[PDB]
Amino acid sequence: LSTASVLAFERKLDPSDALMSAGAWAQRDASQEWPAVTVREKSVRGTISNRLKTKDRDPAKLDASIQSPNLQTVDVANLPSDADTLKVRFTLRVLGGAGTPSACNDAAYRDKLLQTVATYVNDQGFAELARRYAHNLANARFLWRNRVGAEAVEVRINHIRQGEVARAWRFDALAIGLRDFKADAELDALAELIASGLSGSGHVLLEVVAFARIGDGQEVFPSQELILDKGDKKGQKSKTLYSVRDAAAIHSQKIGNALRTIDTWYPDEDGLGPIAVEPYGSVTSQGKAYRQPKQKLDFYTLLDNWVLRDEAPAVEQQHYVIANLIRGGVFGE
Amino acid sequence: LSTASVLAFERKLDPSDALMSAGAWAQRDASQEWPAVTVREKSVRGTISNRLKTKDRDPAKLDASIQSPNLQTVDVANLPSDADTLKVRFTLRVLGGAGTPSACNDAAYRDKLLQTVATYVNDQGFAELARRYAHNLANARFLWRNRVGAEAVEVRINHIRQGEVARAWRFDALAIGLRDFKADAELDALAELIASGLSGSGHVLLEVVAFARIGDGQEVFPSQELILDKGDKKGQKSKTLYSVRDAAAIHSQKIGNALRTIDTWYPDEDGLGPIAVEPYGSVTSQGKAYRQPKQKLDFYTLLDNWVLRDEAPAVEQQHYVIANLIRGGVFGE
Amino acid sequence: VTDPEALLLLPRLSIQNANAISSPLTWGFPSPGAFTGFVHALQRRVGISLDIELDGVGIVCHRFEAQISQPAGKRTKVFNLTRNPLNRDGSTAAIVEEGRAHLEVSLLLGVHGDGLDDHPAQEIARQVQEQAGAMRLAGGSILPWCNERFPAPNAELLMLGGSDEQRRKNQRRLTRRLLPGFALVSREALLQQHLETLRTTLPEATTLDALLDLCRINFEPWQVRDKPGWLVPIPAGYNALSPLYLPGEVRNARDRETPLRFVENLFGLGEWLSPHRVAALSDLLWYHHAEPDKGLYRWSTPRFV
RNA sequence: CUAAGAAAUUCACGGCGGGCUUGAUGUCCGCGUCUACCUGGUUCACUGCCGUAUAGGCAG
Numbered sequence: 025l026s027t028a029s030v031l032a033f034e035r036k037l038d039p040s041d042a043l044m045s046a047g048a049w050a051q052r053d054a055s056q057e058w059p060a061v062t063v064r065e066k067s068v069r070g071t072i073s074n075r076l077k078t079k080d081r082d083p084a085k086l087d088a089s090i091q092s093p094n095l096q097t098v099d100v101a102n103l104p105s106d107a108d109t110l111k112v113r114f115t116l117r118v119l120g121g122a123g124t125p126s127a128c129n130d131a132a133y134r135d136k137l138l139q140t141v142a143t144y145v146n147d148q149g150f151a152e153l154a155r156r157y158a159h160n161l162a163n164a165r166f167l168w169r170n171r172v173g174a175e176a177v178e179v180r181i182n183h184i185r186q187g188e189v190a191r192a193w194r195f196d197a198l199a200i201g202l203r204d205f206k207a208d209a210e211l212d213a214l215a216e217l218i219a220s221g222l223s224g225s226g227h228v229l230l231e232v233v234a235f236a237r238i239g240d241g242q243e244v245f246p247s248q249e250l251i252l253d254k255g256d257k258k259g260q261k262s263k264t265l266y267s268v269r270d271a272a273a274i275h276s277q278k279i280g281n282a283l284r285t286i287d288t289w290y291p292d293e294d295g296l297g298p299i300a301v302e303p304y305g306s307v308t309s310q311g312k313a314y315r316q317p318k319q320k321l322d323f324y325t326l327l328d329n330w331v332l333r334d335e336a337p338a339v340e341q342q343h344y345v346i347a348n349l350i351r352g353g354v355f356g357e
Numbered sequence: 025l026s027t028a029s030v031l032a033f034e035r036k037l038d039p040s041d042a043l044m045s046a047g048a049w050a051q052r053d054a055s056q057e058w059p060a061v062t063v064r065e066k067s068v069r070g071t072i073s074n075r076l077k078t079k080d081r082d083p084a085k086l087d088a089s090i091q092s093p094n095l096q097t098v099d100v101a102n103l104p105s106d107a108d109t110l111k112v113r114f115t116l117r118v119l120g121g122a123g124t125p126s127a128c129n130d131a132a133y134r135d136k137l138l139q140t141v142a143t144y145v146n147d148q149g150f151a152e153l154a155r156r157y158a159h160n161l162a163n164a165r166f167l168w169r170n171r172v173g174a175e176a177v178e179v180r181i182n183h184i185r186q187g188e189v190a191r192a193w194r195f196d197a198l199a200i201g202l203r204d205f206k207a208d209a210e211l212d213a214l215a216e217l218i219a220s221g222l223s224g225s226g227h228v229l230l231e232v233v234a235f236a237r238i239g240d241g242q243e244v245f246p247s248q249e250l251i252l253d254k255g256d257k258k259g260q261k262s263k264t265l266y267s268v269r270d271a272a273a274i275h276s277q278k279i280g281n282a283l284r285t286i287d288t289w290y291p292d293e294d295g296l297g298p299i300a301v302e303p304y305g306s307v308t309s310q311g312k313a314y315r316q317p318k319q320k321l322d323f324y325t326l327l328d329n330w331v332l333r334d335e336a337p338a339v340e341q342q343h344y345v346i347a348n349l350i351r352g353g354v355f356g357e
Numbered sequence: 003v004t005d006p007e008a009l010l011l012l013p014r015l016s017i018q019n020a021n022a023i024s025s026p027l028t029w030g031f032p033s034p035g036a037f038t039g040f041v042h043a044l045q046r047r048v049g050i051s052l053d054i055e056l057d058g059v060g061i062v063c064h065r066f067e068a069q070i071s072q073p074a075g076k077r078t079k080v081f082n083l084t085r086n087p088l089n090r091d092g093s094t095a096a097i098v099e100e101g102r103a104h105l106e107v108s109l110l111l112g113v114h115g116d117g118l119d120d121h122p123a124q125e126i127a128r129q130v131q132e133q134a135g136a137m138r139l140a141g142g143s144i145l146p147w148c149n150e151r152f153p154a155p156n157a158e159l160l161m162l163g164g165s166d167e168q169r170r171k172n173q174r175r176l177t178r179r180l181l182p183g184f185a186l187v188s189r190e191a192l193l194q195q196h197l198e199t200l201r202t203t204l205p206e207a208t209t210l211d212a213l214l215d216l217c218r219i220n221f222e223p239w240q241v242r243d244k245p246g247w248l249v250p251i252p253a254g255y256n257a258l259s260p261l262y263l264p265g266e267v268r269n270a271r272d273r274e275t276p277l278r279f280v281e282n283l284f285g286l287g288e289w290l291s292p293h294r295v296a297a298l299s300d301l302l303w304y305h306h307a308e309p310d311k312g313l314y315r316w317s318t319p320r321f322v
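So the sequence lines, in the order shown, correspond to chains H, G and B.
Read in order, the letters of the first sequence correspond to residues 25 to 357 in the deposited numbering.
Read in order, the letters of the second sequence correspond to residues 25 to 357 in the deposited numbering.
Read in order, the letters of the third sequence correspond to residues 3 to 223, 239 to 322 in the deposited numbering.
Quick caveat, the hints were computed from the structure, so don't treat them as lab data.
A couple of the hints might just be wrong.
[Said to hold, decoys possible] DSBU-like cross-link-like pairs, simulated, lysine-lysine; straight-line CA separation at most 35 Å: (1) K261/G with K254/H; (2) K36/G with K263/H; (3) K85/G with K258/H; (4) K66/H with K254/G; (5) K257/H with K206/G; (6) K79/H with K320/H; (7) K76/B with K85/H; (8) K312/G with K85/H; (9) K76/B with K261/G; (10) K76/B with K66/H; (11) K77/H with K257/G; (12) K311/B with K263/G; (13) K77/H with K258/G; (14) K79/G with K258/G; (15) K263/H with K257/G; (16) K261/G with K77/H; (17) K278/G with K254/H; (18) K254/H with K76/B; (19) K136/G with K320/H.
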């Protein structure tokens, strides 16, 4: 039983692009006709304040470079001057059937994989993963920098069966902690909804709406696009911002990054906090790669040792492996 | 312990775009329905007042060059003819947590940095920096050229907790000096508010409104936008002005420049006055760069000598370094 | 190539994050093969369980916005990529490139089976829509329902039976819901005509493709050549070079049970139209036929004219 | 069973100083609009009367 040379898992928990529209607090229940936050341009005259070396450095170029202003054109997005509330709306499907790959060479390896995943689900449900997913929808992880420094953040979650609303939840994101996964009755209800969705026992479509008090005319933070920077033509403009038809927006994979911050099971340090689930579990901003393959906690090592050789790891590492199967990806050689 | 190759500090003291609306003095307490100052066009015929080399300047070339057209179209912003008071309104958040970077490679360098900043805060508070910030909100630095030649300038500052007003301050900008940081009871109260904001002990949102007597129908000074005369047909404008939806305005980074004029600790001359806090502390208008790296007073040199080697500088230079951390920026290689 | 009895219509399918590369030489709106292969995937998920048969697909393409960029005043375009996770080691990776679109399209279909006698129309259309709502249409996700679920009810129309007044009547009832969109067909007989026109010098067809969709400025002894329509180059099939292989021969296949060849695409001409030019809407669906004795594959709409 | 399957771009900024656009002027001449009509929509499936429970002398 060698590994399959081709493996591919389609993702579950598929979000959409979040839209931002600004308005006034306590006009909050009628947040349906609020105008969108537009992305505009402004010019910026700054000084050169980076680090400058000492090798091949004529001091005429140095002092000529420091003592001269820099000109540049950026994009900003601000609230209107008579509005102090950011509204961020997106939707979320929960597909289910999180064991079946979409492409596999071997037939014995695929049947062994389905017996392993079905053994996991029959031993214990999806209650842990849906509890942590419910905590990431409870607070406002998907408000990345917009959450930082806010008076009150309110999250409203709706469940949709038809052109209707089945059950509505209304949370408070600042009371719910950022690092402490504490239980609650409503989070157990919504965790039963998501856990009922991932098991394939129904169709789950959720509508998530987030509200934040920032201030009158302050700055919101959409996601930033690529200027490829291939050699020549750096261009006058800088910091272009992502958008939809005349509205600022956030990419879908960034919200999808914010939902799957589960992993509190690093070998190195459990004191920092949960950072998101990746094979070779890494953080791009910190420049570090936790969960090294020189250890025995990598996803590929645990999956090989748990499918091929029946060496079941600890329970929390099994939550890690099934979390990587809900993530999906391109596996195999 | 080498330096981190990636460092980035998000800014604190985040302002917004200031709006200008004109009205009448002693109708000053009802300054809520005042109409905005609009930006309009007018035509201007130029002249010849530039230097000449007198290597291609014949006496016939001057008369031929003042036969020539210097025709031009500019933007102006004036008060209405029955109003003599400029109103400038903006808001200001004070975030706090001014030691934690947003991106860092090393984990030991980041912990050493947090021990250094926490050592600074535990040795002495944020009272000095919030005192100088309180003096820059006290007078009208953020009225750049609009302050010059005015009868009376009045600044009103509000603190906001809810849809309410917690405590209101009313100052007099001409009595408070431009260069002399003298203490006061109200400035100690507002300096306790800002110092309580930067330490992370609460949420601070301020509303700043400025009033200036200029004259009936005089000229106000919004901030100027970037245009580039390239090769197109029939000419274009030569002076655009920044605006919002049908109102003249000032950029947010220019008010942010006016708030952080702290630095009275130049090696060269303390007789000129405080000019704003920059690494390689420079003035773009004067074309000079104070605080050279050939000395030992640069931000990068003091930060390297105070984090890596425990060589603590003088106290006022420590105020400079922490002022650069409240400024934020892109540091490292 | 078999004419369908019904024409099932999916009203407003909005793709998020599509694939706007589609070929090594054309750029924009994706291939017809994604839109036919989606229908065969519905045939593998629904049509064997409701005893129906889905063969073709009708592209309508109401909306299209590609994530592109044009800086520095140049008259060419670049892309808007995304990030990837870090290196295997922990530094950074290389950058591959991928197209992108926010598409919205309506799809005609074609039904052959006996499920109409066993099930009513709203049941069939409801099952097909509520299976297509959990799939991925052209390499990107399908946006679920919102406040714009108001056009989301389907339609279904038997084509053979009934009087001709009901045929043209209900046909015009269909084409008032495909009303802002622009249909897409294949027009290779025009390419044979332009080969016979430019057959004075050289009968090559790829240089004809390079000399159809472009602004020909012909000077006077300057006159822009009049375009006879909104023509566009599309990929139109595969023309396999390698002989066929047994299943357990090539390492790194998808599965070890179906044969293999190495293919390349095959470039053809297509045309965007208004839906009111079409005589009968059953002459619009994209089929694909084959003859694997040789390497000759194509998507087509036979009998359009 | 879709050129199938997967993915965080991030951090910071002062555009600013000065100006004379001028001078002169003919919009002119002429003209056939005309024949015919039922608003009664319900300008509210109605507007004020013994019982706040469907029973009525109503101006209808």
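Exercise. Among all the numbered hints in the text so far, which are the ones the structure does not match?
Worked result: 3, 5, 6, 11, 12, 13 and 16
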